[PDB]
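What follows is each chain in one-letter form.
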Amino acid sequence: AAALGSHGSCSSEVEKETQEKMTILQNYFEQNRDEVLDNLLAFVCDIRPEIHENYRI
Amino acid sequence: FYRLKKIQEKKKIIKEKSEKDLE
Amino acid sequence: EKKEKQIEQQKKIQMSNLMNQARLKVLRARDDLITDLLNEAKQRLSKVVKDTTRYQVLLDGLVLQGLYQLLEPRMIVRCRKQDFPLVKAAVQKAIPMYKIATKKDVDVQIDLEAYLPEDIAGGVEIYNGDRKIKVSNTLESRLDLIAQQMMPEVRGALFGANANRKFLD
Amino acid sequence: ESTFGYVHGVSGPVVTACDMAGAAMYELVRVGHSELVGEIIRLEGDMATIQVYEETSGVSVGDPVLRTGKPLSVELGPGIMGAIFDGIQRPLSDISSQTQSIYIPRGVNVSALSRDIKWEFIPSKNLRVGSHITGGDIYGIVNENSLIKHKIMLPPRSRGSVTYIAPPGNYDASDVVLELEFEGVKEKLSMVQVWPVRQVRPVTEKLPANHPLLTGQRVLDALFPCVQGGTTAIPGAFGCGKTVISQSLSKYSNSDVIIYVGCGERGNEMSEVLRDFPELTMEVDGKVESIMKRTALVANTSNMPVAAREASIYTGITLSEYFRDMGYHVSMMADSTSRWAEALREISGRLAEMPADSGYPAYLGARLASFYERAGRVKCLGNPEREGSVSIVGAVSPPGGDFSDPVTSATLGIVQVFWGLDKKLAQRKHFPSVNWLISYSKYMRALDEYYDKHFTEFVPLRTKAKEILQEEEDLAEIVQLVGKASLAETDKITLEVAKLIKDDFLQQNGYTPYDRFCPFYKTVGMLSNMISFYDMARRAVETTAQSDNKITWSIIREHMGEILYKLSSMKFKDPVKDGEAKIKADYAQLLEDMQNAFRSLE
Amino acid sequence: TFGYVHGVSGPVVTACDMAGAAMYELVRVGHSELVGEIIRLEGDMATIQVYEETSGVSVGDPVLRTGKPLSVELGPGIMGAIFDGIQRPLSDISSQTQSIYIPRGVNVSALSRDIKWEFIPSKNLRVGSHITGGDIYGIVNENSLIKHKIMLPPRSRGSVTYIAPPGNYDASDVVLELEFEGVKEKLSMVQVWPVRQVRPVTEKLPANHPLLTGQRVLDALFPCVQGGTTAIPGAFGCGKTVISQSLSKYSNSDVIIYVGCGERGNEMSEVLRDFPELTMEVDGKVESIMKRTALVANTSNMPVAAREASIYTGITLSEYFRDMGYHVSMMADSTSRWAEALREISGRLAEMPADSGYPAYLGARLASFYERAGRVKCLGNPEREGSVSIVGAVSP
Amino acid sequence: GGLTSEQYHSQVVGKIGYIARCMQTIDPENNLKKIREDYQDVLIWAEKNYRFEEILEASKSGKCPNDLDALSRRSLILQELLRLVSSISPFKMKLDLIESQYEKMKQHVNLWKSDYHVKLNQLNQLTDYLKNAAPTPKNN
Amino acid sequence: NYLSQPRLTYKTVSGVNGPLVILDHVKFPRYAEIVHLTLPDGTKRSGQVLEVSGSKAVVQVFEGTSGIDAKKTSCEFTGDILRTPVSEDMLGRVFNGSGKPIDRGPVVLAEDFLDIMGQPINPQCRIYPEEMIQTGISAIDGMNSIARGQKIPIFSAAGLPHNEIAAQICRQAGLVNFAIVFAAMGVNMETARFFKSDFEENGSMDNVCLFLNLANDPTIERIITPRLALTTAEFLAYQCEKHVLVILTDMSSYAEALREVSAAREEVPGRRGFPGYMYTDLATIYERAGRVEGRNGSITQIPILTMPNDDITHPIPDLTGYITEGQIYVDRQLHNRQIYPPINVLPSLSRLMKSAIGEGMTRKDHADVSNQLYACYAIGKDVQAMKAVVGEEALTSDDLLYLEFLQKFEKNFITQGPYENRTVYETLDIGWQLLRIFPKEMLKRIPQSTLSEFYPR
Ligand SMILES: Nc1ncnc2c1ncn2[C@@H]1O[C@H](COP(=O)(O)OP(=O)(O)O)[C@@H](O)[C@H]1O
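Chains as they are written, first to last, in my numbering: chain A, 5 to 61; chain B, 1270 to 1292; chain C, 137 to 305; chain D, 13 to 614; chain E, 674 to 1069; chain F, 219 to 358; chain G, 43 to 499.
I should point out that these hints are in silico values taken from the structure, not numbers from a laboratory.
Calculated cross-link-like contacts (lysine to any residue; reagent style SDA-like; alpha-carbon spacing at most 25 Å): (1) G:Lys482 <-> D:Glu574; (2) D:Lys504 <-> G:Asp441; (3) G:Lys238 <-> C:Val162; (4) F:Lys322 <-> F:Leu338; (5) G:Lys238 <-> C:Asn153; (6) G:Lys98 <-> B:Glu1285; (7) A:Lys25 <-> G:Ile144; (8) G:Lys114 <-> C:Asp247; (9) C:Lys148 <-> G:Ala209; (10) A:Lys25 <-> C:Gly292; (11) D:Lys589 <-> G:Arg487; (12) F:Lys266 <-> E:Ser832; (13) B:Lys1279 <-> G:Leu62; (14) G:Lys86 <-> E:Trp866; (15) G:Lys142 <-> C:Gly292; (16) C:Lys138 <-> G:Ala209; (17) D:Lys511 <-> G:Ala427; (18) C:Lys138 <-> A:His11; (19) E:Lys741 <-> G:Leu81; (20) G:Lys423 <-> D:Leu507; (21) B:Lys1281 <-> G:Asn59; (22) F:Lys281 <-> C:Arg164; (23) B:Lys1274 <-> E:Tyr697; (24) E:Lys958 <-> F:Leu338; (25) C:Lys178 <-> G:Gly121; (26) C:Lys147 <-> A:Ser16; (27) C:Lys148 <-> E:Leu878; (28) F:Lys278 <-> C:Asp168; (29) C:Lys235 <-> G:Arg49.
Listed below are several chain G residues computed to face chain F (Cβ distance under 10 Å; list not exhaustive): (30) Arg146; (31) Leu256; (32) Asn258.
From the three backbone atoms N, C-alpha and C, an ideal C-beta is built for every residue, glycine too.
Start from the sequences, fold in the hints, and give me the full structure.
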């Protein structure tokens, strides 16, 4: 019974810590999303057509 | 076995080269 | 006492499983956030394709990029019906730029019997005349190809840099 | 003609290249946009096949293959000593210093000998404009290290009339220090020469080898001696001491310089050498100095590219032939000549050649022969006379621990010394694990003329030691099926002295300071005592078994048990703490103590 | 549809117009339809190792590719059947031909059609219901001992569009239809599965419950778990029949599979004579063990590929019954005869010998076979555990 | 080893649809309220007429419940209740007993190890035999 | 920067033979690049270009060639070699032999895309492994001590408890940051569950990564499995500066995958049909160990291998024995007598031990005590072999003492509980409690100073 009570307490603690970590992840995302999204969009749009370096003639 | 297998492969390659030379 | 050791071991295993599932919930949340960033980039591309000005510049790039990968003397370009007027112009600009850079003639056709799916936001796919070899320049493929390789920069921005990483070995 | 061809195909370390019309066999090439070194192993039309000396992962068809007209070659000159090089002569120290990374980057083009360093050059004074000069002439001495006067000399292919000679001063590896003219053509020489590694550096004559290469180890120096200029193998299973011996010769020998070739060896070997050799010291002229100042390392650790093993062997012998031409008594370690033979196996396999045994190519015997025959004592090339040598020590590593192995079999037919290491001794931690039954040296007749001078007592002792050990084996084959009670008392004495010789003479701990080195005067003094016990104990039985007053091995052991313990204790005498006179006096006291004890039994 | 024979040399047949072929796909070669497996492709041509004797195959003969690698027809009609190692029904070959021989190039379907079995559809299903691989869409009451749980193939999934009412059906009547991605699958009761592919499961469980044999030394001192892997030294004097028959007459197992990996002709026929006559008590009745076993019997002169495939067929049958939630047991009467067959395949493929002449992959072929033992949570929804216990005899 | 992603999510939408078919069979009337509440999260995805593809992509998106170790436990409890109620078909058990047996099974560590499952398998062994067995003293 | 150019995809499978798919018409084949194959049924597979020639590219397929089709197969050439998406977040996770996750977590978000082959650590920058690890096992910490960053395999007969010893090293290993990378090649699920369960039960997961290739997983992944593990260990030990312990399970099954590939490619055989290059290939795995200049981190390795037919001379233990620094041996001649852990010291040796012992690391007697334990144990086996012929009547009183030494040595020095941890100092105390069986003068490997300080204590 003492082990079962400790497991229930630990379950609450790890869930609380998980929701805290998920909040921190959401914050770093929302602080940076625009720059990242714009950088991927810049690289994906900036095609730069290239022939393979080993091509000859 | 390995020597004889490589000999048989080299003979197959010679046959393939001869078949190309007959073109 | 052997049963009590099994109770303590079960408690340890259960607390270990809790910590494992907690860690995985965080990692799943990271992957979902990176997935949401890539989906928002796919949505931004699905807005860019409405501007025929920027989208013609993309197709002029994507078509010539395809030609420069295949290098064959005959090629087939595949697009949606909505793209085709832009893609025809892109091919007509690309053939000159191709013959200049490669010093050789090419025949290029658009695949009017086999358009791309309407689910595609935009871009082109290019094939040999014999169809045995292809290059994929759909906007979805371009975004996945780059966004996979840029993932270290993406993680470093959306979660901060790793304080333990001290050398680029 | 185009200076480069193109990669046609790749298979591990072997690259086929098209547009190679007019490329020489064993010409060196740069392959790929990263310019990986490789050497032309075959020619097949307007097309070549290249043994690439660096890892080909990522090489592409149509990659440029630059030709050079150079064969595989080593820069020779100041700044070799104390440096560590890869298998293709690039200094691992400058690779680290330039790259600022723990890894060796693919295709690094770092110059082998540094050009920013200025070296102190003393011209040979006798030379002047108009003087005649030929290959191997020492035209100046560079003060490279406190130990090593780097004798700069004309390249062996060069000759002519001196047109300029630099005055005493400081110069780099690109500064012209000598200029010749021959047939009206000028030739400018810096302190660095390039030699094709596959071509033997010539000599005036290959002299007979007639002086011992004294080593760290008792069994080597005494019972199976190497000679300065001798060819030696150390065939042994894993974990036997083949590198401990290779290190112990390098740490403790009368060789003027060591070239240590880590060909295919484990990585921490080079780290252990670089850890120990700057801290360990010889003495010269009353000055203590680090042995790293007389050693060069050619690393090519087991993970570094398979082809570079061949280039590493040929690099280390080319460095060794260079210091041989300076008159230095060079010693060259090769940490596994079978890990070299395995690289010949692999390239031969990629080329799909027919194998001889265990997949090894048919030319393996000639490849090993034209390596060991680079050893010798020589009258060097050129004007001032020198008597330099290369002594080669190939740590053969037979697959499965079995000396029937083709590398071992071919090596044994080529070397003159064989220190066969037995895994059963190494398991027992009996080190050095040299098996005294199978081992041999062909140099004994040439070395007897040295022992008769410097150690006139020794040749009888060497002979008696081998005989006592042989008798112990010929006795053991009986005892193993009947028990020790079958033996005569002379044969108990033979077995017991063979145990003294096994456990206290032949055995030697290369780490503990008392046995870390063992000079020949310690070695002969130890052996003289153990054989003095044998001759006296044998005489004691043979003198008295004719009578009721018979002496026995048990009588000797009970009267002389302290002498047996003292005989075994002789290894603990330490040449760092104990002077030569002290060790000699103690060993003379044991001779007298034994004589008076045996005189007390008779 | 079919290519044409281009060349022949012993068992190896080269065929052309094979452009659509696949590596290890199974082919019917010649007008006699000899079985053969594609061992190589070289463009529009394939090299087929014909299993059966190729004598009389002609250039320009048809070469019909079956769309499938070597595969077992799973379904009702397995229980009490005897097959060779490539899954041909030896009792039906005899009864349909009235010959003592196996004819070269038998076409006979491995679960006999035109037999009708009582099928009950799983009463909860409806048109529009969701279904997943390994779901039980009905039961076939073939025997009093064994009720065959008809189930969706492991790769199949979708929405049910039709289900057959309670009634009598042969193995090729359509029993279920379902749609996924706008494509319909029509399902027979027969299910075809590649013999060298492990049948997937929801979880490979730890094995924990004993396979009681009813033998004191075995059940006490050396217990084998259900789902356990075990070996017996199969040799003349040893009495290997005692464990075999004891497992048959008493074991805590629901279905038993035997594999003859190329037994001696008489020794194989001794086994095939005995098992119809063995019986066990069930619900106070006594019944023949052939109601709960299948025999994958090969003599030493069966095609090499039948001997090498013999274990893979036996384990694919055993995994199929495992996925019904039956605690299967199986024996191989000598894995050494299977390894001789594997050695001969390797010698005909001209591959390098490893130890004692055996191929390099012998260790991984054995280990990947024994790894197919275990206890499992099956696929599909009815939350059923099953197992396969493997008793592979060895002949050192 | 394990399952391909298509197989894994297919097994999830399987167990969701099956829990719903079981729920409709154990309780055609919404009488087992406390039981039905413990499946409301999965039941919505089958009480709504979703296409198999829609529920599958919802499982990939994590909107459907999608841990198979959770769904197997949750489904096993319901099926062992349904096997109980079906194996006693001639006598409809009381609703409080049904929700009590459900709670006891929900509290147990592993039902296949439980004596509950042993007793229930013996009930099925008798019942399934008696559905087929001919007239004789033993069978009467 | 990123490879911006779009990947070509080829249907031009001009042949299939064994595990090889031979593409043709390929534009500038890159040697050892990775290709993603799509089979006719849409099944994804992966493969490495093992040879190139003009337009041809010989792709070895990891998942095998069964079902590859010369018309409907599509081969996407990625334009680059095989890379691992490494990160710190690989600790606490489980992956299959190809680096895909199997813990039902997401794919790894890469902090870097390290080349799976790594690079040769420059021998000038390789720090010599001087620091000791206590494994907690007396048969190791006494006579076979392991240095921080020292590669040293467990060699075992088949069926021996070598997995339980390697688990005990993971359980008890500590110095006299830390992490583990576990790899397994061709492990049965009954053993894979044991390692995964032991790490989860000991709560170690937050500092261990597992790569599992199970016995039924495609055999070619065994070749990349220990390389994925080591690539992750190089990230953790050099980019993050952890002390990493790498456990590689059944390098025998790795070497069997080499033998399979060579037999299928018809590469030149060495002994027992293994590739002639097997020493180089094993060196590409085993040399990725040890400390490096300016990094606090280190990669220790404990490879594990079942010696085939107990043959110490077999190519697997032989080539492993020529690369790795020292070998720990476990023996049926101990295990049948219930002596756990079954570590036979006599064939064992730790090459880096000579440096990892004495003052500052361990007691000053340790180097001498170890060598005398070897002498007494060995002479014990030698007089035992004599006794089996001539009987105990022919043995001397000292020979009976070497037999009593052997009995007391195996009972006290080797035998140790699976959760019993012994310090090196406690092990040396037990060492002297055995060496004290002989009179002082018999101890011919030990210096008189060491005897005078420690023999009477
Ligand atoms: N002369 C010696 N004195 C002491 N220990 C030795 C001696 N020779 C070998 N050893 C021991 O044997 C080990 C294996 O020898 P080593 O030469 O390193 O192996 P290999 O023969 O594989 O190169 C060494 O690490 C050392 O512990």
